[PDB]
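Chemist: Residues per chain, in single letters:
4 protein chains.
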Amino acid sequence: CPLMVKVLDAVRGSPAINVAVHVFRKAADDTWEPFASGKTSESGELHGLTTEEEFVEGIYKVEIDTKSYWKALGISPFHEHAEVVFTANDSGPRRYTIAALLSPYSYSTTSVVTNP
Amino acid sequence: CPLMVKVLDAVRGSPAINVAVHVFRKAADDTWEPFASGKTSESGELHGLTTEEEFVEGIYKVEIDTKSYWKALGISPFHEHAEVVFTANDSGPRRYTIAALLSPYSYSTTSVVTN
Amino acid sequence: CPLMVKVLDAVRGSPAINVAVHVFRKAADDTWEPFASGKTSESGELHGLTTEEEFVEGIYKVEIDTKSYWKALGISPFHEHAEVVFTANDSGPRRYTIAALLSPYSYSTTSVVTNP
Amino acid sequence: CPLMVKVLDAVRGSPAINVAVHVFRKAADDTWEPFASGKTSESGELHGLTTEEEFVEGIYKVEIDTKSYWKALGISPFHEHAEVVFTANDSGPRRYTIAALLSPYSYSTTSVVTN
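Protein chains in written order, with the entry's author numbering: chain A, 10 to 125; chain B, 10 to 124; chain A', 10 to 125; chain B', 10 to 124. A prime marks a further copy of an entry chain.
Derived from the structure by calculation, the hints contain no laboratory data.
Nothing false has been slipped in among the hints.
Some chain B' residues close to chain B (C-beta under 8 Å, calculated; not the full set):
| no. | residue |
| --- | --- |
| 1 | 17 |
| 2 | 110 |
| 3 | 117 |
| 4 | 119 |
| 5 | 123 |
The beta-carbon is built from N, C-alpha and C at its ideal position, and this holds for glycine as well.
Produce the complete structure using the sequences and hints provided.
Modeler: Given below as structure tokens:
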């Protein structure tokens, strides 16, 4: 798949399991249209959100529901979510891995972009 | 004084200067209405965005325009911007510092809530 | 293998290839004895440093040669290396993934620890 | 004044207070000789470690004792400490700020070199 999301828990040193992820795409009228969604697995990875055909050029927003994750563990975190906004496929199809590392008052995100 | 934004450049080891910062507040219809904005200083810091009187409880979004920062430096970035969305709560007096550490394909954000 | 090291490049959004890694173990006399070494592959991962039998309890230091990495790309970075120092296997054997994300003036490291 | 250390807690969103910090300088025999040390303040900062006169070119190691910080809070940490090893260079006047953001199983360190 051309898009994978991986989430890690910096407090426990583990994948972040069952984290809800919503992906949006900017439409012609500059509104965020729903594009794909899912939940991270036991490995902290969410595969299969999209296909090469559906994943056209555009501006995408990956919304990782960090608050609900921490709340279920009893922590009141700072952020409502972690959002990753980027232009995709504007130089041809690529493969994207969006990684997020989560702490109650911090998060970091990095992207690994490869060419098939 | 209740809200401060600080941006750092991890490629150059320096403050990220002249980074545009836009703050929004979530309206009742769940839209993002403009609230405050500015540009980071020589020290990478942006002070005086809001006041105690105006910074009521609610959900705020801080948008750091990281793409134009890297483009001015001639470095290809991944992100359109960095986004920090949080709930301001009054539980005692509190000051919010949102720090962001920028790399072309990565950013980290952390918030220090004190006093 | 019970120990894997993964290195990512935050400037290019890619694995950090050919990064030298040296692992040390604190001996009885508190000196760092050489334990294992290797280079990250095309995926940024270094596998096979050790075995379950050799990877006893102890204090280990993972030295990632970040400076040489950036220098070969023409960048003069801040750090001489990134070092990850931790006690291992003190509650029984575990599996450890040491991840490092590199920028010229910054690095972050996180560990994923799992129980077989 | 040429060297400042700042430590932050990503679990609590706060300065990391009373964190022991040990600085070493690499001797000619490549051993680590003690150079300066202290504890972080209420603001998570440690100032006045060294002076311009004493902070000559050379390789320095800054050791942040993160394990005792988390143990005092009753949280199991991964690392023994966080280590920052760098070359001090005189190429113009420069000030070094080593910042560290701490989580139980993760830390990030960044250095701002200015002026």
